[PDB]
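Listed next as structure tokens is one chain, alone, in the form deposited in one PDB entry.
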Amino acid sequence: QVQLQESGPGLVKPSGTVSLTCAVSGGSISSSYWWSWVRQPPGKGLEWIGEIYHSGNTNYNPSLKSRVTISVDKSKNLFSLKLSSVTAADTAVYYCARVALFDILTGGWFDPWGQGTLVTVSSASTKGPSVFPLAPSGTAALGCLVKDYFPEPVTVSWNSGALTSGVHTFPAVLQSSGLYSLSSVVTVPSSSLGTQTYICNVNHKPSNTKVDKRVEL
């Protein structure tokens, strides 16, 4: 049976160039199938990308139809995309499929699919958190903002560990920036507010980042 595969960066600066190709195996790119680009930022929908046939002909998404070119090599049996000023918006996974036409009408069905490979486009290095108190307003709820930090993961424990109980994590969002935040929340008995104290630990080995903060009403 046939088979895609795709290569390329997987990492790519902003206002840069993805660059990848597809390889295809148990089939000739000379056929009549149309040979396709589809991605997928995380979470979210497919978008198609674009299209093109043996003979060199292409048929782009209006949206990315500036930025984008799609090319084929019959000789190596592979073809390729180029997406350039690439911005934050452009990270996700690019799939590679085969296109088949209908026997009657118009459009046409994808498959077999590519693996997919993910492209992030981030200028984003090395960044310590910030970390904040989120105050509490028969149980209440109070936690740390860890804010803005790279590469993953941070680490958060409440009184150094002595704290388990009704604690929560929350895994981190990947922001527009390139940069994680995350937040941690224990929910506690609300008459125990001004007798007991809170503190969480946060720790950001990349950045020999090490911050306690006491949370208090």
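Residue numbers count along the first chain shown, from 1. What changes on going to the form deposited in another entry:
Regarding the hinge between rigid parts between the two forms, the matching entry from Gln40, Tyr33, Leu193, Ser122 is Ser122.
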The other form holds:
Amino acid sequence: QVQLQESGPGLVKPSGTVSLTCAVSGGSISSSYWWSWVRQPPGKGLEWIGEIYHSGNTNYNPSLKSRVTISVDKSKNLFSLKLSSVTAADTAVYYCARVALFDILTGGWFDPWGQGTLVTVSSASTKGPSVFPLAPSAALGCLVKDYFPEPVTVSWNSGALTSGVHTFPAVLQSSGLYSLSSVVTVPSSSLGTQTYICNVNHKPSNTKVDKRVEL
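To test you: the structure above is the form deposited in one PDB entry. What is the structure of the form deposited in another entry?
A single chain, with no partners or molecules, comes next.
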């Protein structure tokens, strides 16, 4: 079986160049096959970038055409991707794929695919989170925003509060800093008789924040 493997820096600063390579094993780069790059921003659809043939012929996505370059190393048996002048819109999971032609007409199919590698575009460096309360008035929670890098672990009342708790995944804002929210669904009767404390932990910055949520 033929296998593809993506590798490269997972963090690139804005205006920088995303630089990736794809190692091909089980097959030769010199084939009747084409070698393609495809990206998928988190929680979104697949986007074709471009492709290359062992002879050097390329085809690019017209909207990325200005800043994209794909090349091939026959000796090391790999092909590579360079996407320049990057912005937050370039944060994506980057896949490489082998493309085969149809027996009749134009186009082709993608197989196999590599595992994919996440590339984040942010100028941020290690930063601790700010923690803000979401006051109910029922549901209440803690907003954990402007922290870099991931992850952030959240618990309530030092683990004593589990039921009714959901900690959401983080969004990467255009600023380059992550933000998530942890909410707990409680009976509306308990709001005046009971105290709720969220426990936020950011291990990369060694930040531990306890915030109480009131009415």
